[PDB]
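All protein chains but one are shown at their positions in the complex.
Chain IDs A and B follow the sequence of writing; residue 1 opens each chain.
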Amino acid sequence: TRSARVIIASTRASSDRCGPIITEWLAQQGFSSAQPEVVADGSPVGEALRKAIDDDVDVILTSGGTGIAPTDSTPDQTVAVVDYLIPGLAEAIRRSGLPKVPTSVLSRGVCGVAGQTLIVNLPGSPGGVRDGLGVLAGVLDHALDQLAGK
Amino acid sequence: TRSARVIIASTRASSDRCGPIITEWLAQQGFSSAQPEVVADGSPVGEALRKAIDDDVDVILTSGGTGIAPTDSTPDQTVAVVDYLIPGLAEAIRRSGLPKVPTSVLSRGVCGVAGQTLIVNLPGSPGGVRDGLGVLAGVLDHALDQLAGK
Partner (left out) sequence: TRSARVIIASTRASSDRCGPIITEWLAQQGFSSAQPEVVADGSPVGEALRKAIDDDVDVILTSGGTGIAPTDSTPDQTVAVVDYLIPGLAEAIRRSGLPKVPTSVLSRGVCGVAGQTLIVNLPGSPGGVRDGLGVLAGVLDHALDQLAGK
């Protein structure tokens, strides 16, 4: 397979500029994906993640809900569904926003694996998303290969 | 509010050069703070943290007790009181001591949030404290804004 799901975590948007950016990048990179699910912060992120993992896809990309603001629980919902975490990839994604956006260091976004599915939390701004996608460009294919055992 | 508490973790000092550095920086940065609490390693750090969180302040800065030496439990006491952690900020603080102090990578200091209070573990040397405070200079105001929901 070479499939992907996109989840946009935003209570504000759910009643979005990042979804089309991610969908285009996935298209550009050769992935098939469904229309992004735009969901409210918190439990709806978890439900969306569960739905996507049950679709049996290769990669799930989330955007939004990763800072320290009251409603930012994307990383916590992501921790609850993964088998394990990839802390170096989450750090690379943070560092991709530096030095130009100092607040990049506040992002709590994680990366991990749920079975055979790689999950990556991106920032909730278009710039951050593009920064994070540049990092994934350099590793994603190798990551999916490694995940599948070559 | 724009309030702060300082905790110096040192059994040696508790029976300190970092406290006045931090108090000055907080003054310089516009925060009101109380005289730093100088406490012994371990449980007294936890108690100090609890006291400060119960004071309802915006930021708690600790210094000391973050290495790998037997009595270094500041990070462990900090993990036990926070609701969540901000691993990118703790990494930024480490990296602020590099390349000049290679042992900066051994620091276990964490950053996190307890309710509406941001907590940041700094190193126990004046140089490390200054290095860490330079990092906070670039983000602290934005972090507190994000924490409060703008």
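Just so it is clear, a contact is a pair of C-beta atoms (placed from the backbone, for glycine too) under 8 Å apart; a residue touches a chain by one contact, two chains touch by 3 or more.
Interface note: of B:27, B:80, B:106 or B:148, the residue touching the hidden chain in the full complex is B:106.
Shown as candidates are A:49, A:59 or A:143; the residue that touches the absent chain is A:143.
Across B:65, B:67 or B:112, the single residue that touches the chain missing here is B:67. Contact with the chain that does not appear here is found for just one residue of A:13, A:69, A:79 or A:92, A:92.
Although one chain is not displayed, its contacts with chain B can still be listed: residues 67-70, 76, 87, 90-91, 94, 102-108.
Annotation for chain A: contacts to the undisplayed chain at residues 84-89, 91-92, 113, 118, 135, 138-139, 142-143, 146-147, 149-150.
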